[PDB]
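There are 4 protein chains.
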Amino acid sequence: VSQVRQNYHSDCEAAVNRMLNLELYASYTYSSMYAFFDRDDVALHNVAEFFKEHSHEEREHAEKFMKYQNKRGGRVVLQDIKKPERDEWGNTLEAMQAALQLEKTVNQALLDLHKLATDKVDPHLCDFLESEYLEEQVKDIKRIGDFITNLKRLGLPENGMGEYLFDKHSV
Amino acid sequence: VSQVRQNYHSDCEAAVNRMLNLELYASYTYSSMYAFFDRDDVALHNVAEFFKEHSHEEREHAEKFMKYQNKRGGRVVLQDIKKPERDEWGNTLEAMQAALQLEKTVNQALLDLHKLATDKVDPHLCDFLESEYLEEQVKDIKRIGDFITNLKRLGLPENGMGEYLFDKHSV
Amino acid sequence: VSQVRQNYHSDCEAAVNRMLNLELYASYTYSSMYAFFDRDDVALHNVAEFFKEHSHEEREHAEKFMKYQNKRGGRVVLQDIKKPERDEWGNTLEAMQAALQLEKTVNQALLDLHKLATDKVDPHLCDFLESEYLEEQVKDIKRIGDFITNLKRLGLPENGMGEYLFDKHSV
Amino acid sequence: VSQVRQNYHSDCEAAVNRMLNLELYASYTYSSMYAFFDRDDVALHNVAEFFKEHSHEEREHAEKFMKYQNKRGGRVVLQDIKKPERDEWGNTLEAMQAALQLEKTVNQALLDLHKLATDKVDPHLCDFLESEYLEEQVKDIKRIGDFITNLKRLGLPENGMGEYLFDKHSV
Ligand SMILES: [Cl-]
Ligand SMILES: [Cl-]
Ligand SMILES: [Cl-]
Ligand SMILES: [Cl-]
Ligand SMILES: [Cl-]
Ligand SMILES: [Cl-]
Ligand SMILES: [Cl-]
Ligand SMILES: [Cl-]
Ligand SMILES: [Cl-]
Ligand SMILES: [Cl-]
Ligand SMILES: [Cl-]
Ligand SMILES: [Cl-]
Ligand SMILES: [Cl-]
Ligand SMILES: [Cl-]
Ligand SMILES: [Cl-]
Ligand SMILES: [Cl-]
Ligand SMILES: [Fe+2]
Ligand SMILES: [Fe+2]
Ligand SMILES: [Fe+2]
Ligand SMILES: [Fe+2]
Ligand SMILES: [Fe+2]
Ligand SMILES: [Fe+2]
Ligand SMILES: [Fe+2]
Ligand SMILES: [Fe+2]
Ligand SMILES: [Mg+2]
Ligand SMILES: [Mg+2]
Ligand SMILES: [Mg+2]
Ligand SMILES: [Mg+2]
Ligand SMILES: [Mg+2]
Ligand SMILES: [Mg+2]
Ligand SMILES: [Mg+2]
Ligand SMILES: [Mg+2]
Ligand SMILES: [Mg+2]
Ligand SMILES: [Mg+2]
Ligand SMILES: [Mg+2]
Ligand SMILES: [Mg+2]
Ligand SMILES: [Mg+2]
Ligand SMILES: [Mg+2]
Ligand SMILES: [Mg+2]
Ligand SMILES: [Mg+2]
Ligand SMILES: [Mg+2]
Ligand SMILES: [Mg+2]
Numbered sequence: 001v002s003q004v005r006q007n008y009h010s011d012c013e014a015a016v017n018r019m020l021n022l023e024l025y026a027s028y029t030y031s032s033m034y035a036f037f038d039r040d041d042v043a044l045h046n047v048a049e050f051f052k053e054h055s056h057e058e059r060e061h062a063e064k065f066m067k068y069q070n071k072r073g074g075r076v077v078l079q080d081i082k083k084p085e086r087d088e089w090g091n092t093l094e095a096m097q098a099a100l101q102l103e104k105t106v107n108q109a110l111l112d113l114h115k116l117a118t119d120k121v122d123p124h125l126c127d128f129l130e131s132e133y134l135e136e137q138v139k140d141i142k143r144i145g146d147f148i149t150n151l152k153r154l155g156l157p158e159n160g161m162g163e164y165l166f167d168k169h170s171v
Numbered sequence: 001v002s003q004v005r006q007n008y009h010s011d012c013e014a015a016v017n018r019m020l021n022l023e024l025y026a027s028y029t030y031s032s033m034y035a036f037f038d039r040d041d042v043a044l045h046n047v048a049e050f051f052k053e054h055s056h057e058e059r060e061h062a063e064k065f066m067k068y069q070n071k072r073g074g075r076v077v078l079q080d081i082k083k084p085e086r087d088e089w090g091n092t093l094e095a096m097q098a099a100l101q102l103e104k105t106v107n108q109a110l111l112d113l114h115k116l117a118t119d120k121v122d123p124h125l126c127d128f129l130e131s132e133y134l135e136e137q138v139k140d141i142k143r144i145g146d147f148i149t150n151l152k153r154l155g156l157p158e159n160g161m162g163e164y165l166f167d168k169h170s171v
Numbered sequence: 001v002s003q004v005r006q007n008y009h010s011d012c013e014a015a016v017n018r019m020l021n022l023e024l025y026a027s028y029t030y031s032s033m034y035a036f037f038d039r040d041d042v043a044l045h046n047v048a049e050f051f052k053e054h055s056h057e058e059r060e061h062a063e064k065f066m067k068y069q070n071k072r073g074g075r076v077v078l079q080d081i082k083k084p085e086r087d088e089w090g091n092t093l094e095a096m097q098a099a100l101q102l103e104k105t106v107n108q109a110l111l112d113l114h115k116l117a118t119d120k121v122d123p124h125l126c127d128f129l130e131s132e133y134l135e136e137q138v139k140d141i142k143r144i145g146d147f148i149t150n151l152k153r154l155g156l157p158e159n160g161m162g163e164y165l166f167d168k169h170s171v
Numbered sequence: 001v002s003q004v005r006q007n008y009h010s011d012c013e014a015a016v017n018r019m020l021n022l023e024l025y026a027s028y029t030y031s032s033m034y035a036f037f038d039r040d041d042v043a044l045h046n047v048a049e050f051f052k053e054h055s056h057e058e059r060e061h062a063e064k065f066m067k068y069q070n071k072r073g074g075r076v077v078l079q080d081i082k083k084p085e086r087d088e089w090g091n092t093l094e095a096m097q098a099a100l101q102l103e104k105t106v107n108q109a110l111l112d113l114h115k116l117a118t119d120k121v122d123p124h125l126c127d128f129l130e131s132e133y134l135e136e137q138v139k140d141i142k143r144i145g146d147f148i149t150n151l152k153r154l155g156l157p158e159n160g161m162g163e164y165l166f167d168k169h170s171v
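If you read the sequences in order, they're chains U, G, S and D. Once you know that position 49 of the first sequence is 49 in the entry's author numbering, the rest is easy, because the numbers rise by one and skip nothing. Once you know that position 57 of the second sequence is 57 in the entry's author numbering, the rest is easy, because the numbers rise by one and skip nothing. Once you know that position 129 of the third sequence is 129 in the entry's author numbering, the rest is easy, because the numbers rise by one and skip nothing. Once you know that position 26 of the fourth sequence is 26 in the entry's author numbering, the rest is easy, because the numbers rise by one and skip nothing.
Hints should not be assumed to be uniformly reliable.
Copies of one chain are not kept apart here, so a pair can be met inside one copy or by any two copies together.
Said to hold, decoys possible - Pairs of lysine to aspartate or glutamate residues, derived as EDC-like cross-links and limited to a Cα-Cα distance of at most 20 Å, are as follows:
| hint | residue 1 | residue 2 |
| --- | --- | --- |
| 1 | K139 | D41 |
| 2 | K168 | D80 |
| 3 | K152 | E136 |
| 4 | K168 | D112 |
| 5 | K64 | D41 |
| 6 | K152 | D140 |
| 7 | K82 | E158 |
| 8 | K115 | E136 |
| 9 | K71 | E13 |
| 10 | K168 | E132 |
| 11 | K64 | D40 |
| 12 | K104 | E136 |
| 13 | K104 | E85 |
| 14 | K152 | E85 |
| 15 | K104 | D40 |
| 16 | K64 | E13 |
| 17 | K67 | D41 |
| 18 | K120 | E85 |
| 19 | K152 | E163 |
| 20 | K168 | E63 |
| 21 | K82 | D11 |
| 22 | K83 | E63 |
| 23 | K152 | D38 |
None of these hints come from the bench; they were simulated from the model.
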């Protein structure tokens, strides 16, 4: 047992490792979206940079879980980072839709981890999730939903002018 | 009943008073460690100052509980501050080991208070503990554990050169 | 065919994708080393931060290949990022030895890519590798070799005092 | 023989003169595009200025070859600068398409010169091309391709509103 370990359940330690992997997976998906929008035959650079920024954000989320694991006396265990679901992302609307679903998947995993922490009576882990993850997640989901509403308003996927306008005025 | 009192259980009020006393006890133990490392036949001044700083931190923790008690309409009840367990602390490793155990004792009391607050459905007290105590406690425990690992690496208790090096490069 | 594509062989495009994956793999290995040295029972924070910085450097190398691929009209194709070879890294010497071998593996892949680019008469790709990768790689290999020499001098793996001194004066 | 001349093949000297002429030709084509978009019945001033800037860039490329020729002890030999292929450029999409093809023509000539320099074992000329020409060429081709993708997205040539929007938000 680690000398620092106190009130930290094995199940929570394992779930933190799985959560870490999911954050890395989300980062990698966003990296893929960046590369797609940077293609010469897609060429929506502000959209590309939005996804690149999100990729970095998700990596930071993962690193914060590594730090957390060690602070509690748990042990970081890494697994493969699976490649993203798609190799190409269609257009701004399809990508934003995929991002919304990804964000909700990550959110569900965070909420499940919070429930586990609650069941194991771990208020430190609860606080960590509430203070560092859950609100940023709600904010991100709201921003992406707002974007989707606007992309539909702008006539996506068919309206190329609408897609151009979004890239130039929303991101 | 205090005019401000709302959703504050008698059991929680009493437990806050006991927690206050424990913080003062921890402060006093750290004061003792400061005085020991300041001895001419011990003479590890950076180590002494580390413990002096922790003594002040613990006193601040106690004062914050006094303020909390009054904010909720509870009444501060003081008891004797018991003298520390030891009069002399051996060396840097023994002292850090004692500090780790003290920090875990304080942490357990905070977690027990959080459980009581949860049982009495007191979210304000839960928030207070999570926002002002529980994370600082985890951070402090991690720092002391890290120190112990390094002190063992440096050959404590036997290696006096190792002890000197720690005082000059870690604190 | 991409409208921008000129003098860019399919073999080079594929090799750039494989190189990208290797950079990500190297990043992930360094992330693992960071987490290990951040453990409470390892606790060499300057060493941890060295590896964390290298993890970020390798990610930047990967992103630069993504940008390169698109600039030439190639298409980014991502694969799984394999987890690192080890879950724990022994000590500073073992980790630095693993880092040296990793850096040489990455260097060999860069040199192989340069040879392919030479065979396909692609001076732009040659220039990119020479200007952005090959010298940084030689510099990094030299720095790590220098560290290993010093760690051996300091009596690693047995000499814990030597390991402490390295963390406090070399990184 | 020039007193400075060393490892400079007659074939490379002649090819540098031809390359110089091509840069001047490219400059002149861009000047024509500037004048077209400045017409009162075309009136896309940001597009005009983009081409004017490129005209100046190409002239600078030519001047750098003159300087290069003298540095190696070769002799600058000038030929007529042929007028551009067209007197009018249709619209933003047609012009960008012509610019892409022009840039690829210039790029091919640079790559051919690099191959000649390689065959004649002239690393100074290789370095000059790689360091001063080849990457700027790839960057320019990528930018123009990105523009074409966006112009098509915006409904060019038919969509006049799309053309206006491009002029006001992309250049
Ligand atoms: Cl535990
Ligand atoms: Cl507990
Ligand atoms: Cl457990
Ligand atoms: Cl696990
Ligand atoms: Cl009450
Ligand atoms: Cl209530
Ligand atoms: Cl009560
Ligand atoms: Cl009481
Ligand atoms: Cl090609
Ligand atoms: Cl070619
Ligand atoms: Cl090919
Ligand atoms: Cl591939
Ligand atoms: Cl010569
Ligand atoms: Cl020679
Ligand atoms: Cl000759
Ligand atoms: Cl000539
Ligand atoms: Fe995340
Ligand atoms: Fe996210
Ligand atoms: Fe305290
Ligand atoms: Fe404390
Ligand atoms: Fe790298
Ligand atoms: Fe590297
Ligand atoms: Fe040029
Ligand atoms: Fe050009
Ligand atoms: Mg376990
Ligand atoms: Mg998973
Ligand atoms: Mg798979
Ligand atoms: Mg918050
Ligand atoms: Mg009472
Ligand atoms: Mg007590
Ligand atoms: Mg007594
Ligand atoms: Mg709560
Ligand atoms: Mg907090
Ligand atoms: Mg291919
Ligand atoms: Mg590979
Ligand atoms: Mg495997
Ligand atoms: Mg070069
Ligand atoms: Mg260089
Ligand atoms: Mg001649
Ligand atoms: Mg010509
Ligand atoms: Mg003619
Ligand atoms: Mg360059």
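Would you list, in rising numerical order, the hints stated earlier that this structure does not obey?
-> Failing hints, ascending: 2, 3, 4, 7, 10, 14, 18, 20 and 21.
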